[PDB]
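For reference, the chain that follows is the form deposited in one PDB entry, supplied as structure tokens.
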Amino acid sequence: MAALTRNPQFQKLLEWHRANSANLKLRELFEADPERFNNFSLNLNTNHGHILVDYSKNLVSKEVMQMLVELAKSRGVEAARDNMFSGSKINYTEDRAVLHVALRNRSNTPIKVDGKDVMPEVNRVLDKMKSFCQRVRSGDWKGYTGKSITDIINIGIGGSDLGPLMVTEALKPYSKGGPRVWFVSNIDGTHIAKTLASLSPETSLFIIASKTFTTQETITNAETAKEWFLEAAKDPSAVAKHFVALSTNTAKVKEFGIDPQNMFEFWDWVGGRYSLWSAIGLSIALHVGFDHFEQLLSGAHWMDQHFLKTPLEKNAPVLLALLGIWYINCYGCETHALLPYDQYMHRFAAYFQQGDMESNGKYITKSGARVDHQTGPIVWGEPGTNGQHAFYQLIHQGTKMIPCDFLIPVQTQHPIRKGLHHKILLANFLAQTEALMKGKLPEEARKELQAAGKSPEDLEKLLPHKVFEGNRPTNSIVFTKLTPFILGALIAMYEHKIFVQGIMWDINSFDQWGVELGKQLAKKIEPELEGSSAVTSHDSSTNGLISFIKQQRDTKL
């Protein structure tokens, strides 16, 4: 047994679910209570736009929410939160603080690690980033032939890739006057090859993004970039004009051959999947300008303050977390879908697929005991409206329960045709959650079949296929506009959702020991692939696949 399952508030919740959950029907919940939306939503005013978190289309009553809040309290969420914010070493397996909140601490109130305020160094690096952004964006920073930089290439993977990629994509309209940004991440040589093919060494600046500065994919990609660069420049001293580093590892940055003044530092208490707020966000700041980067940080700071100050029962990330606990630990739902009705947000789901799954895909608790309950869900999704044509069939008429978060800005960045496209986009956003809740009754579908001129036989056969059970719960998250500030608040909101769930499960949201085995085994296989000799050192499958590779790699097609 584990902390969560031994908790009496959890036991009460589970027993309530067993006895009563069959009585929960969304249609009836709304019919019984005209104040339902009012009581089961949060309209947050940030002073820079509103964020409406509408959780009313969920399979919860007032009683269920009360039990969930009581569980958050009795799992120590409030104390755990305060410990994060104060610099306690809550990443217990690595003995590190967890301080992405410090990166965006706009108030500059001291946050101490080992008795020392981290804010001076946070701000020093931010100042460095700002200066660098001015130099590059103005054209003052020259390439080896004296030309202004037109292209920036981030080289990094996972935490050193997805954040900057997702954010630059989401904030594309804010990039006027900024250099083009490219993201190279996969070791697959296709990635760097196709990127370099469209670039000039004279006007391209590479950003080597790596906490450790030892990740194989990133260092290999970086060395490939440098080789390509030096082929043209034929001068090792020119590297300082075209390569900068975002890292915690001064020594390995120097060994690679980058100028010490070209290093933008971060700290061990910045987790990779929580790092876009640090030096790692340099490509964001370059692309959209430092002012917009500061706005992004400020939005996160607003949400941090909301999370810190707000009673749990009306605390947005807490409520989202609690709904997830309900669906995961009581209903047994494996997945959570993120469905932004926004093309600019097209990498948002992929970002939180990392942020969520790498954080909470854990099975060992703080005491060292194995969990005897579910932890993190599989996170997935694609932007609306496309999903409606693609996998919503399964959401509407399959055999899985799938909690979905639908997200949309009220105002579009592109109000073409006098807002026609956005009107339609909004209408779909609204209609889909409504339909997921309501479904379609036999009496409704029957009349439709009759009106279509179906024979009595055809109607009878078709009817069950046209009926939708509904009762599919959703969150609707609606915000004034997707500005840098609002985007920052939204990312931070989900960061804190993930944190609350982790605390409740008694797991460490901030380590990632599960990547180690794959890395070890790959290092062993790498040298074995070279040459013609048979590999027999593994299981028959691994050996068999290697044999196939060696046999097939010289075939001409």
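Only the largest set of C-alpha atoms that superpose within 1.5 Å between the two forms is called the rigid core. Residue numbers count along the first chain shown, from 1. Compared with the form deposited in another entry:
- Just a single entry of 412, 224, 249, 298 exceeds or equals a 2 Å CA shift between these two forms, which is 249 (rigid core superposed).
To complete the pair, please output the form deposited in another entry; the form deposited in one PDB entry was given just before.
For this one, just the chain is written down, with no partner chains and no other molecules.
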């Protein structure tokens, strides 16, 4: 077996689930205990707003929570956490530290890697970012014709794209006085082409986000951008005015035409999917200003300290992680839905698809043994209320159990019509989790059908269709306002949730060996597509698809 399944606290939990989970009914749990909300929620005061983590609408009793906390302890969560924070090389397959927490370590307490404090270098790069932000935002940094920069274009993939995109989208109201920001990520030529179409080479600055500065899709996009730029500027020395790098590859950066002074460094202990807090967040700082970026870091730091200092039984990321374990390893739920009732947060779910799924979509444990249990879930979701009119039909009346996190700010950034829109938004946020829990009983639906004037025959036929079984569990995460600080705390909270789950599963949340095979095979296919010759080097499907491509690419429609 594996570490988790051999653990006696896990075995006890699974045994309890087998014998008792059918007796867990949300309606009954609330009726039996008026203190349920009080006992199954955390009201966190950050001093910059409150975050309420209400986990009371979950299929758990006091005893279940106790068993879950005991399991976290006996899986080594507390020790593993302290090891991360101290710079221990917990990314064991790559022999690397895991120190996104250092990037936002506002206290500046030394954190050592190989006996050396990383904080001076973290702060040196932050200082460089601040200076660059002043130069660009003030208009002092001039393009090749002497004009101020109006547009920033981040070119990067995965961890170099999703974070900056999600955060600038979420913090749009804080971008007054900032340049417009654009994100190019797909190798699909559509992405860069449609972006460049709306830009002037005179006033556009490109940020090339790549640690190695050899990333294929990113560098291809970067080179396309440079070609477009040079068509107008006709001067290779002008590239330094319009291109900067988030990288450590000084030689390659200089080769590209970028001034090495404008290379913003980060470190091997910064995972791509944990990198927005580093130099990778430069586009955030440019867009909303460095002050707001520091606030984002500070919110994450607050949550880091919460995670570090708080007993497990009232520790927010730990409890979220444990509820996830309960649903994944005991109920067997494949997915986890993130449903923010906030249009600004429209890329939040997509961000945590990488954060969660690339971290914990794993199957080999620390010992090298294959797991004999489930690991990371499929993360998905769309903002409310839109989801209600798209897929909530399935959540309410389908055949899947789907743990959902509902998220909302109390205060809106746009209190139009004396708060009418936000009142309705809040009402829907509250109603949906209430509905998911309560359902609608036959006696309730029957009276509605009778009042609607349905015949006895029609009523009988329609009745089961109108019944909601309910008992569908949710978390509700409510926060004062979606400020840079609060957003930072929320992202960090989920980062640590993912960490806790990874430790409990005995997997490495911080490597990504599963991307290698696709990369290898793509490099082999690339040169085969050129020219008219038949490709026979693969399986018949791959060959057949290539044949179709070669036959169809010249057809005039």
